[PDB]
Structures are given as structure tokens and as C-alpha cells.
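Undergrad: Spelled out, the chains give:
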Amino acid sequence: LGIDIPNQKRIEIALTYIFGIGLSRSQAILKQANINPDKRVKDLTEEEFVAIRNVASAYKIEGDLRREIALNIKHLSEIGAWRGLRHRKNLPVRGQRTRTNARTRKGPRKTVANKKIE
Amino acid sequence: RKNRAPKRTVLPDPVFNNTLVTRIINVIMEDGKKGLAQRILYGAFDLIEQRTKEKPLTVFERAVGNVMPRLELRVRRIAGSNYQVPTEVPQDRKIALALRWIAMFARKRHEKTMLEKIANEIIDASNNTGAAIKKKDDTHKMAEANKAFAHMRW
Amino acid sequence: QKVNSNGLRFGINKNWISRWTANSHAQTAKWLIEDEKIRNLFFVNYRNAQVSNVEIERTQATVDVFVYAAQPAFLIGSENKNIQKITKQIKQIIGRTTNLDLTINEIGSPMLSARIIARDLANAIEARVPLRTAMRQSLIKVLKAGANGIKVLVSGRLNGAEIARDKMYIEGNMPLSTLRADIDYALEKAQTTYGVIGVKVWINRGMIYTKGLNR
Amino acid sequence: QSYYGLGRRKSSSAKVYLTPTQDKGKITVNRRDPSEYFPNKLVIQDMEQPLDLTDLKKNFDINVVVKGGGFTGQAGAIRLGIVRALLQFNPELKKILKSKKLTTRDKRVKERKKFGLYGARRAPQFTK
Amino acid sequence: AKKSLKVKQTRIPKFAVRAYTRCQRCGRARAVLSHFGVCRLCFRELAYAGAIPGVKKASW
Amino acid sequence: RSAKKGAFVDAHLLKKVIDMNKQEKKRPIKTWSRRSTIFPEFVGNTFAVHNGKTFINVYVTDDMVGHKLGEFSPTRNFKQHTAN
Amino acid sequence: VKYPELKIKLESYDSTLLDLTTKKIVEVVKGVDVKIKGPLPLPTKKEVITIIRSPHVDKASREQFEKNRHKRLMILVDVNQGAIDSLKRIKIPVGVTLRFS
RNA sequence: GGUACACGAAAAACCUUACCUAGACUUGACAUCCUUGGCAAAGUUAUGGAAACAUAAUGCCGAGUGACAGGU
RNA sequence: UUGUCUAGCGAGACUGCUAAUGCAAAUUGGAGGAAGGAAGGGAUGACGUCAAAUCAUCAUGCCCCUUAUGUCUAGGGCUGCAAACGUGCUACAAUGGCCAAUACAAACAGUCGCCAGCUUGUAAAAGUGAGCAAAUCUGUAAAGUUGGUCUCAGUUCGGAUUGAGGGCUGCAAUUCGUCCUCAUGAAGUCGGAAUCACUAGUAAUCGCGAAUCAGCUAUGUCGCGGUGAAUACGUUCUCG
Ligand SMILES: [Zn+2]
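Which chain is which? The protein sequence lines are L, F, B, H, M, R and I, in order.
Take the first sequence: its position 90, counted from the start at 1, is 94 in the authors' numbering, and no numbers get skipped.
Take the second sequence: its position 26, counted from the start at 1, is 27 in the authors' numbering, and no numbers get skipped.
Take the third sequence: its position 176, counted from the start at 1, is 178 in the authors' numbering, and no numbers get skipped.
Take the fourth sequence: its position 73, counted from the start at 1, is 76 in the authors' numbering, and no numbers get skipped.
Take the fifth sequence: its position 27, counted from the start at 1, is 28 in the authors' numbering, and no numbers get skipped.
Take the sixth sequence: its position 9, counted from the start at 1, is 11 in the authors' numbering, and no numbers get skipped.
Take the seventh sequence: its position 16, counted from the start at 1, is 22 in the authors' numbering, and no numbers get skipped.
Just so you know, the hints here were simulated from the structure itself, not pulled from any lab data.
One or more hints might be untrue.
In silico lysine-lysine, BS3-like type, Cα no more than 27 Å apart, as pairs [as the list claims (entries may be wrong)]:
hint : chain 1 : residue 1 : chain 2 : residue 2
1    : B       : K16       : I       : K41
2    : B       : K213      : I       : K97
3    : I       : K41       : I       : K97
4    : M       : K58       : B       : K32
5    : B       : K4        : H       : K44
6    : M       : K3        : I       : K73
7    : H       : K117      : M       : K7
8    : M       : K15       : R       : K17
9    : H       : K113      : I       : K97
10   : I       : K65       : H       : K113
11   : H       : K13       : H       : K131
12   : F       : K8        : H       : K104
13   : H       : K103      : F       : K54
14   : H       : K13       : F       : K35
15   : I       : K65       : I       : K15
16   : H       : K131      : F       : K35
17   : M       : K15       : H       : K113
18   : H       : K113      : F       : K35
19   : H       : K117      : I       : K41
20   : M       : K7        : B       : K191
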């Protein structure tokens with residue numbers, strides 16, 4: 005479950021690359037295991053790699069986040085819900101304006117000639 | 002149309018004693034922040050002092066003298082495909098353009114840090130490389146090529 | 003598109019018309035809407051009273067409505083039949099706990115007060131009188147009253163359609179742009195059977211030099 | 004023999020004092036070293052640049068208490084206070100202090116943000 | 002729908018949130034100033050008439 | 003979330019739902035309250051939630067609880083954009 | 007005595023109208039009462055209102071008023087109850103409002 | 001178009017709101033005049049309703065009448 | 001380690017004096033002075049053009065409706081969406097990101113409010129709770145300085161979108177509140193034709209206050225202060 009932690013950079017960021025561990029809880033793990041921040045990933049003792057892996061197993065599995073999010077979306081969609089209906093057609097959900105803006109989810113662009121003004 | 006306007010007076014820099022240094026410190030300025038540009042310029046001067054051991058004033062004056070343009074191209078259109086007319090440029094505008102070119106070609110290069118990039122810019126300008134001497138020579142070549150237009154012009 | 007002349011020189015050469023104060027933003031709105039009912043009530047009910055202006059004096063449940071008119075008899079009535087009615091009407095429109103004790107005072111040289119002149123112009127216009135002769139007569143009487151030049155302009159239906167045919171007159175030094183001029187202003191809305199007629203009268207009452215501040 | 008002064012650059016009033024002392028001048032701003040109070044730049048020399056054209060810190064104590072302003076406005080205020088103090092010290096300094104135009108209260112103060120203008124001078128934009 | 006809205010404001014609402022502000026001289030319910038209980042244009046014309054005791058013109 | 007007694011019911015539909023649950027669960031009941039949240043007791047019956055024009059039937063399921071009862075009712079129809 | 011430190015603070019919306027009143031007060035109390043230090047100016051707590059001109063959009067042309075509020079400060083070292091008895095007749099106008107202690 | 005487009009709106013989840021659906025009212029939610037009077041008027045509590053509401057009691061205001069009130 | 005300070009009055013600045021040239025207004029220079037030749041700024045906006053905008057601030061003639069185009073309530077909508085334009089914010093980064101320590105403002109506002117201090121809380125906040133009807137009490141200034149780290153990469157830049165958990169107002173937060181914490185991290189590497197604002201404490205930039213308001217992705221508007229530029233040879237071209 006050790007997935008491509010890059011070298012020539014600190015461990016604090018090395019734990020930010022696995023899917024589900026950002027800046028904050030990586031620092032929480034860092035302070036929990038007594039690993040010293042400022043150690044670059046290279047020249048790191050194995051003695052504490054097992055500690056990192058144990059405390060991460062205490063957390064949520066990094067590969068399990070995708071499955072949990074998909075299961076939650078399916079749970080929200082299988083029941084008749086406006087949000088599920090909104091989320092199904094790739095249109096923003098939290099209530100952002102859709103008049104002109106909010107194109108980060110609707111796709112790059114699809115231009116159509118407007119009204120033929122006279 | 003308007004009339005001639007006054008020009009303000011710049012105080013000498015009270016550590017290195019040079020007004021051209023003040024013009025540098027004001028042209029490299031952004032966000033209106035002297036405490037940052039001053040650190041940039043004085044660290045660049047320290048770098049000049051360290052490598053290629055030489056008084057920073059001498060390098061500055063050599064680079065500025067080598068960069069000042071002899072002629073200036075000013076656009077004067079008569080019809081389509083407008084032609085240009087070389088014009089003589091005053092010494093105050095000469096140093097203005099020279100320092101503008103130094104700063105603006107300094108803030109575009111490799112050697113990421115602003116300190117080292119501007120230090121390399123000024124060193125290259127002193128050593129007459131293609132950093133800004135090339136552009137000065139290109140706009141100088143653009144002059145005296147249309148000199149037939151320059152002789153009969155307004 | 004010019005500012006009202008009465009509001010421009012207000013507070014620097016002319017005193018406030020309603021001098022009072024109260025607790026901050028609590029019920030000053032209530033007093034502001036209640037006392038103004040007296041100001042509008044006079045000008046609506048008593049056209050012929052020729053009231054020029056009224057001053058409001060409120061402090062902690064007391065009110066003094068100063069009145070300036072040319073013909074106080076209409077306000078007083080016959081053997082004081084109307085003063086009691088007007089004071090009880092003011093009481094009913096203001097409340098019960100406030101002592102009122104109003105006064106009625108004469109105005110010196112009324113024919114140089116813009117408010118009553120505009121009121122007379124509105125009365126003449128609504129009385130089907132032709133505008134030109136009535137306006138000229140009022141101009142003559144106000145000039146003979148012993149004041150400076152006048153600026154009367156009247157818009158509205160001048161006995162027909164195409165209303166944008168307003169008429170204006172100027173007969174003397176009337177420096178609107180001068181703060182130190184002591185210019186009095188008023189407006190009246192003549193209501194003719196064909197539409198709305200707006201009359202505006204500017205009156206100069208001499209310069210106000212060496213007055214220091216508001217009188 | 005204490006001497007007074009007053010500078011008011013950029014809505015920042017500065018009270019200064021002068022006294023001959025055996026030391027080099029004992030620079031002091033608000034009972035603390037100006038080398039740390041002000042940002043150590045040309046600005047800490049802009050206060051003594053009046054002294055440049057005269058007897059620079061011959062024997063003159065610096066006791067200044069200031070209010071308001073940022074740090075450069077403080078420098079201008081204390082500069083004008085110092086120049087006023089020295090022109091009080093010797094009426095013959097009028098000729099050379101006025102030559103550099105170091106007195107006279109440059110009075111350049113921020114404007115009033117006019118309505119419809121972002122910064123009292125700039126309109127938002129123009130479009131047709 | 003102006004007189005009904007004007008009289009409704011005086012009537013106490015069934016919830017406190019339902020209460021809103023509105024000027025006393027005119028039925029406009031927008032741009033009212035709580036410090037004077039009066040809309041922007043009425044306040045303008047009243048200050049021009051001088052009814053408000055504290056009024057001047059600006060220099061700031 | 004209200005963060006304190008967060009689960010909120012309009013307090014006039016609780017009586018109806020309790021009575022229906024205790025009275026053989028008559029299938030159709032008409033409510034116009036979208037503000038109510040469904041309690042765990044809400045499961046079992048149906049509602050004619052008001053979308054704005056008509057009464058659309060919805061069948062609660064223990065599959066879901068706490069979703070805003072009105073969230074089950076769509077309010078605005080589709081764009082189906084006209085070409086021009 | 008029996009009422010030391012009579013701190014009377016007054017504010018209004020005009021300068022001259024308040025200056026006249028404070029001069030009248032400081033002169034009328036200048037009888038049997040003694041040691042009345044002069045009026046104390048105060049920052050003139052001020053508020054500025056901005057109102058657009060036209061009933062229609064016109065947003066680029068708006069004027070603005072400003073309801074001024076001046077402020078002075080009197081303090082009395084000793085009440086000297088005869089002095090306050092004479093002080094009952096100051097009869098301040100409506101513009102000036104006094105906040106006692 | 002310049003002179004509209006972070007504008008009217010210095011605050012649209014309910015009210016605001018002027019729109020639609022539905023539930024209700026008809027000298028009307030508010031106003032003057034006429035006659036005839038003085039004991040009610042705002043709020044509260046169950047009860048049906050989702051709420052206006054119709055009930056029952058608690059704690060300047062009624063009744064009849066037509067010109068009319070009313071219209072963002 | 002006291003005469004700043006706020007606010008009343010007054011003085012000062014008026015081509016006042018001199019040199020030049022002009023009949024005379026007047027222009028330039030110089031002395032003195034804080035300001036020199038309308039000292040910077042504002043309010044102050046003529047006759048009239050656009051049959052310019054507003055019957056939806058208000059008033060109003062006429063027309064129209066009236067057991068309805070009037071009134072109350074519940075729910076929805078002004079926030080939609082294949083699209084286009086305008087105005088702003090965020091950015092695209094080492095003139096920087098993050099962390100720690102740390103110094104300097106004016107103005108404005110507040111007894112249903114400002115909320116100090118203390119306790120709890122990864123935080124939004126909650127509880128306790130003085131003080132203030134205010135030059136008294138409250139609204140930690142940020143840019144700025146130093147130290148440590150990052151080493152030019154779609155990254156410790158950029159945060160959108162999305163999932164979950166909390167806290168606040170409000171009867172009520174799904175249609176449609178914002179705040180905090182955790183989770184992922186879109187596009188973007190300075191931008192085509194063409195255009196915009198700006199002549200000093202201005203542009204740029206960093207924060208602070210107020211209105212409406214129970215609360216509100218106001219990044220809006222109205223104000224305040226800190227740092228703080230570059231240029232104007234000139235009217236040949238361009239607009240009015
Ligand atoms: Zn109004």
C-alpha cells in the first residue's frame with residue numbers, strides 16, 4: 005500500500021500524495037508517530053515506516069475513499085432525490101448560478117448562435 | 002493639446018550616493034514597496050562585490066553607458082503601412098530608456114532568484130552581451146536605415 | 003438639473019425650520035412624521051390663510067407650532083370659534099400627553115414671501131384665469147412690494163396639450179449661485195381640470211452680508 | 004538648554020527636543036533605538052539628511068515622541084520637527100535649510116474618495 | 002397593492018421575522034433609513050425642505 | 003444542521019403520521035410542508051408533497067432518513083433548450 | 007454643598023447656537039459659585055449619509071448630507087446650592103441637550 | 001450607444017413580491033360623510049385547518065347604509 | 001522623560017513688494033514666507049438638445065376593472081440553462097507560498113448592541129462575565145522587519161468542484177443562508193483582433209469602519225488610513 009512516495013522532499017508532503025491524506029491529517033500522523041518533520045523521504049529509517057503504516061491503517065484506507073464516495077453517490081441516487089437528479093446530469097449542485105457561469109463541471113464549451121438580432 | 006509640464010526632483014540615495022541607483026530602485030518597484038526592492042538591489046550589488054571582485058559603481062556606470070541608445074524611433078504615420086522616422090533623444094530620456102531596458106530584461110530570465118537574475122543582467126550589460134545590448138543595437142539598426150526619412154521629417 | 007435653492011443655503015445662512023432633538027434613531031422618525039402632518043395640514047386646509055411657514059419646537063413631550071400668516075382672522079375665526087378647533091385637531095393628530103400652547107403671529111411685508119405668492123398663483127391658475135395676465139400682475143405686485151428681481155417659471159398644460167412650453171420671467175439681480183444672497187424658495191402644485199400645473203417662485207430679499215451665521 | 008520643534012507630515016505629529024551632549028548625539032525615538040523602530044533603510048538617514056548640509060550630530064541630543072502615521076510619514080514629521088528646532092537654534096540657518104527645501108510642510112495628504120470613483124481619481128471603466 | 006402593504010406593516014406579524022421596515026410618509030419599503038424611518042428620496046426632499054433638524058451639505 | 007434539537011418537524015404533521023401509523027396506514031395523506039424532516043417513525047407510508055402545481059406521490063423508505071422531505075419533490079422542469 | 011462635582015455635558019447640532027448657550031451658562035454660574043474651569047471641546051461625533059439623487063437608476067450622480075453634532079463639557083467643582091438654585095433659570099433652547107451626572 | 005448592464009434593489013429562504021397554483025372574503029385589510037349608540041379593541045388558550053380562518057372562554061370601540069374605498 | 005491633542009475665535013495669502021514689457025488688463029522672474037500668482041479637494045451645474053429616464057417614491061388628467069386587474073394565507077420564483085456580452089474577485093508565483101516572533105494609523109460605530117478577561121473546544125463558537133449611553137469600555141490592523149523551510153515542478157502556486165462532520169441566526173436553511181474542520185484538487189504557465197483608467201500622495205497595492213440587515217460567497221456601494229511610483233519632447237496623426 006506504499007504508492008510512489010517521491011524522494012528529495014520532506015515526509016510531511018510525502019504523506020500528502022496518497023488519496024485521502026492531505027496537509028492536516030498528514031501532520032497529525034507525523035506528530036502521532038514521532039517521525040521528525042524535515043526528514044526528506046530518502047535516509048528515512050524503516051523502524052518508523054511500520055509505525056506510519058499502522059497509524060494509517062487506523063485511518064481510512066486510501067484506496068477505499070473512491071469506493072465509499074461512489075457508494076454514497078449511489079445511495080443518494082437510488083432513492084428519489086432532487087440532489088441525485090441534479091448530480092446525475094453533471095450540473096452543479098450546491099446552488100451556484102447556472103445562468104452564465106459554473107462551467108467547471110458542465111464541460112469546456114459548446115457554442116450555439118444566439119438570437120438573430122435585426 | 003496642452004503646454005509643457007514641470008519635472009520633479011529625485012533625491013540622491015543616502016548610502017551609495019547615486020541618483021541612477023534611485024531610478025533603478027523606482028523602476029524595478031512594484032506594489033509600491035521600497036523595503037523589498039531595496040533589499041533586491043543591494044543584494045545584487047553585494048553579489049557583484051563577491052564574484053568578479055570590482056566596485057559596483059564602476060560596473061553600473063559601464064553597463065549604463067553601454068546601454069544608452071543614440072537614436073529613438075518615433076511613429077509618424079501618413080497612410081497605410083505606416084513608415085517610421087528616427088529622432089534624436091535627450092540624455093535624460095537616454096538614461097530613462099537605458100534603465101527601463103535593464104530592469105525589464107532583468108525581470109525575464111532563468112536563474113530563478115531575482116537577486117541572481119538581475120545581477121547576471123547587469124554583469125552581462127557591463128560585458129556587452131546579447132541581453133540588452135542586442136536590443137539596443139537592434140533599435141539602433143532600425144535607425145539610420147530609414148535615415149532618408151529622418152533627414153526630411155518633423 | 004439645478005439643486006433646490008432653499009436646500010443649498012440651508013444651515014449656513016438660514017436656520018432650520020424644525021428645531022428639536024430626541025433619543026438616537028428610536029422615535030425621531032415618529033416625531034418627524036407627526037409634526038410634518040401639522041405643516042402639510044395647514045397648507046392643505048387653509049389656502050386663504052396665507053401661511054408662509056411654520057416652526058416646530060419639540061423637547062420631551064412639548065410642542066410649540068409657531069405660525070406666520072398674513073390673515074390670521076381665518077385661523078382664529080369668529081370669536082375664537084376656529085382656534086379651539088384647530089388646536090384640538092392638532093392634539094388629536096399628535097397625541098394627548100403633550101402641551102401645545104400654539105401662537106399666531108403676523109408676517110412683515112407678506113408680498114415678498116415666496117410661499118404665499120406661489121399659493122396665489124396656484125389659486126389664480128386653478129380659477130381658469132389666463133396665465134400671462136395673472137403672472138404679470140403678481141410680478142408687478144411683488145416688485146412693488148419692495149424686493150429684488152423675481153424668477154417665476156410655470157409648467158403644465160397651458161390650456162392645451164404639448165406641455166413642454168413653460169414660461170419664465172426675470173426682472174432683476176437674482177444670483178442663485180451666491181450663497182450670501184438670502185434667497186427664499188417655495189413650490190406649489192396648481193391642480194387644474196386638465197392636469198397638474200407646477201409653479202415655482204424665487205424671491206430675493208436683499209443680501210445677507212455681515213450676518214455671521216443663521217439668524 | 005532644551006530646544007523644541009514640531010512636525011505634522013501625513014497626519015502624524017512629532018515632538019522633538021535638542022540638547023548639547025558630550026556623546027555623538029544619542030539618537031533615540033520613543034525611548035528605543037531607531038535602528039529597530041524604523042525599517043533600517045535610507046529612511047533612517049532621511050531624518051539626519053538635514054544634518055548633512057550642516058553640523059551633522061556635532062553635539063545634539065535627540066529625544067522625540069511621536070503619534071500617528073506609518074513609518075515614512077513619521078520620518079518626514081520628525082525631519083520637519085528637527086529642521087524647525089535648528090532654525091530656532093540659529094536664525095542664520097534660514098539661508099541653507101530653505102535652499103534644499105527641507106522645511107515648508109509639503110502638505111501632500113490623501114484625497115477624498117469621490118462618489119463613482121474607486122480611488123478618488125479613477126473611474127471604474129468605459130464601454131460602448 | 003400599496004395601501005394594503007402600508008396597513009400590513011403596522012399590524013403585528015405572526016412571527017418576528019415577518020416584520021420589515023418601511024417609511025411613514027410613502028409606501029416604499031426599499032432603501033429606507035432606520036435612523037430616520039424614511040426612504041432615500043423622501044429624506045432628500047425633506048432635507049431640502051429642512052424638516053430634519055440636523056442637515057447640511059457635504060465637505061468630506 | 004440546527005446543532006441542538008436539529009431534527010425538526012413542522013409539529014402539525016407528526017400527529018397525522020402517528021395517527022396513520024396507528025390506524026392501518028391509509029396510503030394517501032396530503033401535506034404541504036416541505037420544511038419537515040422525516041423521523042425514523044416516518045417510514046412506511048406515502049405523502050402527496052407539494053411541488054407547487056400538483057401533488058406528486060412519494061414513498062419514504064428506511065433507505066433514507068433526514069433528507070428534507072421536500073427534497074424528494076422537484077420544483078422546476080427541464081431546460082430541453084429550444085434551438086434558437 | 008451636598009452635591010460635589012456637578013459634571014454637566016451638553017451636545018447639539020450647531021456651533022454658534024451651542025457656544026452662546028455655554029457662554030451664558032459659564033457667565034450665570036460665575037456668581038457665588040467659584041472655580042469653573044472653561045468649556046472643554048470634544049471631537050464632534052459626526053455621521054455622513056449618502057443618498058442617490060434620481061428616483062431612477064442614475065447611480066453615477068449621487069449627493070450626500072451630513073448630520074453634524076457638536077459637543078462641549080462643563081464641570082462644577084462645588085454645587086453651592088444657591089448657585090444651582092440660580093442655575094434652574096438657564097432655560098436652554100431646544101437645540102442644546104444636556105446630560106447631567 | 002456615448003447617457004442600460006455589482007442598474008432601480010442602502011440586503012428575494014417566509015414577509016419583502018408587483019407573478020403562478022390552490023384554499024377563503026365582498027362598502028371589503030385601510031378612509032370620509034348619515035343615522036343610531038357605548039363596551040369593547042389588540043393578544044392568549046384548547047378544538048378542525050397548512051394558515052388566513054369560523055367557532056368557546058379569557059383579556060377609542062361597535063350595528064345598518066349608499067356614494068364608494070382599492071389598483072405596483 | 002508635557003505642550004501634541006480635539007474645537008470656538010482670529011491672524012496669515014491679497015500680484016502684497018521688486019526687475020523685465022505693455023497705454024491697460026496682464027505674463028514671467030526674484031526676495032520674504034507655510035503656501036505665489038484660481039495653494040490641493042468638494043458642495044455649488046445657465047438658456048436648451050436627446051418627445052432622453054421614471055405613472056413602480058409621491059401627486060395626478062383621462063381610459064379600464066370592481067362579488068375582481070381588490071384583500072388574506074400556504075407552497076413555488078425572481079437563484080432555471082444548450083448559450084453570448086458587461087462589471088469585479090481569484091490566479092497563473094520565489095518582487096512568492098507556509099510557520100514563528102514583532103513595530104506604526106486615521107476615521108467610524110455601539111446598552112435587544114460593542115463584547116474585554118476566564119473555561120471548554122483541531123476551529124467556526126458555546127458558557128461565565130465585568131466595562132461602556134462612550135476623547136473613558138469595546139471593534140487582535142494588514143502590507144512592513146527578522147528568523148526557519150520550500151528550489152522552478154502544473155509544484156508546499158491556484159483553489160474550483162464534490163463527500164462527510166460540526167457551529168450561528170431564524171418558526172423553518174431542499175428549492176435558496178453563510179462560517180469552520182477533514183476529504184480530492186478543475187482550468188491556468190501572462191492571454192487574438194481590439195480596447196480601458198490614471199498628471200502625486202495620483203496609479204498600483206495592504207488593511208479598517210458604516211449604511212440597509214435576525215443571518216446572507218457584497219468579491220458591491222459609501223468612506224478612512226499605511227507603503228507608494230513612471231512620464232508629459234509636442235500637436236503630425238486619433239477622438240470629443
Ligand atoms: Zn418615503
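Undergrad: All hints, please: hold or fail.
TA: Cross-check of the supplied hints:
With a CA separation close to 38 Å, the supplied pair B:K16 and I:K41 exceeds the 27 Å bound. Under the criterion of a C-alpha separation no larger than 27 Å, the hint pairing B:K213 with I:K97 is consistent with the structure, at around 25 Å. For the hint linking I:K41 to I:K97, the alpha-carbon distance of about 22 Å falls within 27 Å, and the restraint holds. Taken as a hint, the M:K58 and B:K32 pair is honoured in the structure, with Cα atoms around 24 Å apart against an allowance of 27 Å.
Between B:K4 and H:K44 the CA atoms are separated by roughly 54 Å; this puts the pair beyond 27 Å, and the hint is violated. Of the supplied pair hints, the one linking M:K3 and I:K73 is violated, its CA atoms being roughly 31 Å apart against a limit of 27 Å. Of the supplied pair hints, the one linking H:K117 and M:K7 is violated, its CA atoms being roughly 36 Å apart against a limit of 27 Å. A distance of roughly 23 Å separates the Cα atoms of M:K15 and R:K17; the hinted pair therefore holds under the 27 Å criterion.
For the suggested pair H:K113 and I:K97, the alpha carbons sit about 44 Å apart, so the restraint of at most 27 Å is broken. Distance restraint check for I:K65 and H:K113: the Cα-Cα separation of roughly 25 Å lies within the 27 Å cut-off, and the hinted pair is therefore satisfied. Of the supplied pair hints, the one linking H:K13 and H:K131 is violated, its CA atoms being roughly 40 Å apart against a limit of 27 Å. A distance of roughly 16 Å separates the Cα atoms of F:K8 and H:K104; the hinted pair therefore holds under the 27 Å criterion.
Of the pairs offered as hints, the one joining H:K103 and F:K54 is violated, with about 37 Å between alpha carbons and a cut-off of 27 Å exceeded. Taking the CA atoms of H:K13 and F:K35, the gap is about 18 Å. The hint holds against a cut of 27 Å. The suggested pairing of I:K65 with I:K15 is violated, with an alpha-carbon distance near 41 Å, which exceeds 27 Å. A C-alpha spacing of about 39 Å is found between H:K131 and F:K35, which places the hinted pair above 27 Å, so the restraint is violated.
For the hint linking M:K15 to H:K113, the alpha-carbon distance of about 51 Å lies beyond 27 Å, and the restraint is violated. At roughly 19 Å between alpha-carbon atoms, H:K113 and F:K35 fall within 27 Å of each other, so this suggested pair holds. Our distance criterion of 27 Å between C-alpha atoms is broken by H:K117 and I:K41, whose separation comes to about 48 Å. A C-alpha spacing of about 25 Å is found between M:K7 and B:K191, which places the hinted pair at or below 27 Å, so the restraint holds.
Of the numbered hints given earlier, the model fails hints 1, 5, 6, 7, 9, 11, 13, 15, 16, 17 and 19; all others are met.
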